[PDB]
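I am attaching a structure below and will ask some questions about it afterwards.
Moving on to subunit A:
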Amino acid sequence: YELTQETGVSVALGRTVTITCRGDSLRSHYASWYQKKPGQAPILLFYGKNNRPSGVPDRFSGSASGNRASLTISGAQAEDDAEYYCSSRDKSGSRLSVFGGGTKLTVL
Partner candidate 1 sequence: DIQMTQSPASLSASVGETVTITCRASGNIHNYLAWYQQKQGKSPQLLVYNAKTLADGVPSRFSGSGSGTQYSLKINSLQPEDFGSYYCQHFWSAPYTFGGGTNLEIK
Partner candidate 2 sequence: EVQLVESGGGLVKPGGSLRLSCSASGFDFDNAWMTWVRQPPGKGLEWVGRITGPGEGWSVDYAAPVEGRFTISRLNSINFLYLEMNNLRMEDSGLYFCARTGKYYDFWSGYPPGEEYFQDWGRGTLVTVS
Partner candidate 3 sequence: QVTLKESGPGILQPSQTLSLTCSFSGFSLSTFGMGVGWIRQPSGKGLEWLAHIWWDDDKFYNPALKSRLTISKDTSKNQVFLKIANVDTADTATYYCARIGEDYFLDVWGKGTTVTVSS
């Protein structure tokens, strides 16, 4: 369990919350962030230091510093009610990948 992630968050409709990820590998590497719905393939929402993929809403983005990475969810809508995941390297300098536990974000 290389990447630590929170169980979930209650989000008021249209509000801003932050989903964080912590670990040691994050001191040198960035985390990639994903959004997943039950029954659906997950989609990449954010990666690197500042890169929003095409094909996604431009509502929000992530960042990283220290030993923590995060995705800001902003103006969260009902369609953003999803499992969120973060992934990065297992150890600084290694070539293997890991994902965090998965957080449930629910929009009221």
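Criterion applied: all candidates are chains of the complex that A comes from, given by their letters.
Everything that follows uses one rule, which is that a residue touches a chain if its C-beta (ideal position, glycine included) is under 8 Å from a C-beta of that chain, and two chains touch if they have at least 3 such contacts; residues count from 1.
Picking from 1, 2 or 3, the partner of subunit A by touch in this complex is candidate 2.
Considering their complex, residues 5, 28-30, 32, 34, 41-44, 47-49, 51, 53, 55, 83, 85, 87-89, 92-102 of subunit A touch candidate 2.
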